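Only one chain is shown below, in structure tokens, and it's the form solved without the ligand.
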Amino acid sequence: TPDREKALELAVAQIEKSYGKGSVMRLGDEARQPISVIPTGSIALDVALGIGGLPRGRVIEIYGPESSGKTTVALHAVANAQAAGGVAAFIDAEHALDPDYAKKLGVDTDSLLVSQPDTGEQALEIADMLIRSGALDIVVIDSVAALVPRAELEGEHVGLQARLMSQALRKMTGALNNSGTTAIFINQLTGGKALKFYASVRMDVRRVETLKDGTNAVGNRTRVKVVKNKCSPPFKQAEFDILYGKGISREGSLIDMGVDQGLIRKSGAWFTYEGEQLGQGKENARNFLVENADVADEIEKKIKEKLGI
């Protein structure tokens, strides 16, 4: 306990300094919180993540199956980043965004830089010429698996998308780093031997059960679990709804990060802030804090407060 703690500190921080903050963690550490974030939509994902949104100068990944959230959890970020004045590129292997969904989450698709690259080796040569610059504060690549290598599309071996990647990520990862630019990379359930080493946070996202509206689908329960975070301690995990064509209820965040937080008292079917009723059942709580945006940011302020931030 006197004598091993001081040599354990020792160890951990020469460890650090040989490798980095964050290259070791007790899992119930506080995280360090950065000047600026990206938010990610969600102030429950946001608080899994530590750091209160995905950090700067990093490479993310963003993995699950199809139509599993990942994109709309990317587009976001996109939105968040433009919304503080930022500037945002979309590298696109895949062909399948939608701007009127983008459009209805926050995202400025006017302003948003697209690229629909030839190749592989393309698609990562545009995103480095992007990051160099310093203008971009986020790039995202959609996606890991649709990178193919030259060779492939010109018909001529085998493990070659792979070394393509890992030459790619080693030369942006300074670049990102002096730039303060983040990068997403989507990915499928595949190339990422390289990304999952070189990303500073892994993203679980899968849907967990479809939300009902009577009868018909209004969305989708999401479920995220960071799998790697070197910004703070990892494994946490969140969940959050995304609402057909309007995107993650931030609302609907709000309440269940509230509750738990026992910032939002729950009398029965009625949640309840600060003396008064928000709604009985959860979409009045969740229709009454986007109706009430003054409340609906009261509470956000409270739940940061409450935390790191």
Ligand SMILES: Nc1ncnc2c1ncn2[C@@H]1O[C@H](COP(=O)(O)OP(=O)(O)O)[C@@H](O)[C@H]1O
Contents of the next structure:
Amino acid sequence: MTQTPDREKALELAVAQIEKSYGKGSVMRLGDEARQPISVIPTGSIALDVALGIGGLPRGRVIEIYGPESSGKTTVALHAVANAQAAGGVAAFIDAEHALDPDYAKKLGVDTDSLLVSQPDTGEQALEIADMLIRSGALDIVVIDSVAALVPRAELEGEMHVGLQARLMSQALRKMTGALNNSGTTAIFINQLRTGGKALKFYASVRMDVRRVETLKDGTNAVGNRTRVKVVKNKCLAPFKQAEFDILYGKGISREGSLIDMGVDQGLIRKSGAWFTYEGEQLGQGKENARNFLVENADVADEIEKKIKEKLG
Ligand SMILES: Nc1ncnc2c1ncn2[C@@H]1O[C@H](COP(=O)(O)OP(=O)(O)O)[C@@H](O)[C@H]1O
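If the structure you just shared is the form solved without the ligand, then what does the corresponding form deposited with the ligand bound look like?
Below is the entire complex, every chain and molecule, led by the chain shown above.
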């Protein structure tokens, strides 16, 4: 039947009720841009920050970073940690893999000395400790390394059953979800591929798919490798956005390198072939020089960063 005006009316009302009883973010249009809160934890790559839509990681909720080994999950999470602290925030790290390397964490900008770390005996304990730290309203971010490592007690006592982690995670997340929103702490769950992921998948508000694309070099061996993140689930902004960035060996995420890609992909930075220029002056010849350039001249590096945030949000 013929209709159009009164139609978009009924739809506008529909969406309203939806969000009125299931939360603002229940339904969305990939095209929308709406929402932009006060607090956000920058990830260390503006490319990933815009892919998130709100300029960083959500607050007061659960986030899931999954992907194979050596993809970039830990790096990305450690940067989120460094930032949280730099804004006068306190971070906790529930380790069940015993793989954390403080030196690297330091080169990323993590205040290790202040870093609350814990290594529980069982899965319950981990989550139980995590919940407790959260309810203190003192934690800003708490990152749990490996969902696949949180083995339940029973299995660890030889008194082994079916899907104990599943039941384990589910009960946990039920309680942790609320306690997080009431506090404002964002919890990061690292998930190594190849678990009790079933629940995490639904409880999570943001889900990032992290994979390594190609191990970049510079005519030399290899200063790192290019990483791609896909936000497969984002209850705070239109989903299915992706982002790529370089992670240098022993260095972490290259902010500058990201400022240059977003730099061209937005007009602010020009490329007269091999040559990267900005507002009349030349940054360098070849991305690596431009990178080395921006890392030296902090001043200009921040000028370019601002112009993108104002250009988008
Ligand atoms: N101690 C370290 N020294 C140097 N590079 C590291 C170190 N830890 C991590 N990395 C870098 O991070 C990449 C991915 O590993 P990591 O950050 O631990 O994430 P994940 O293993 O969860 O994908 C590595 O290939 C490497 O480039």
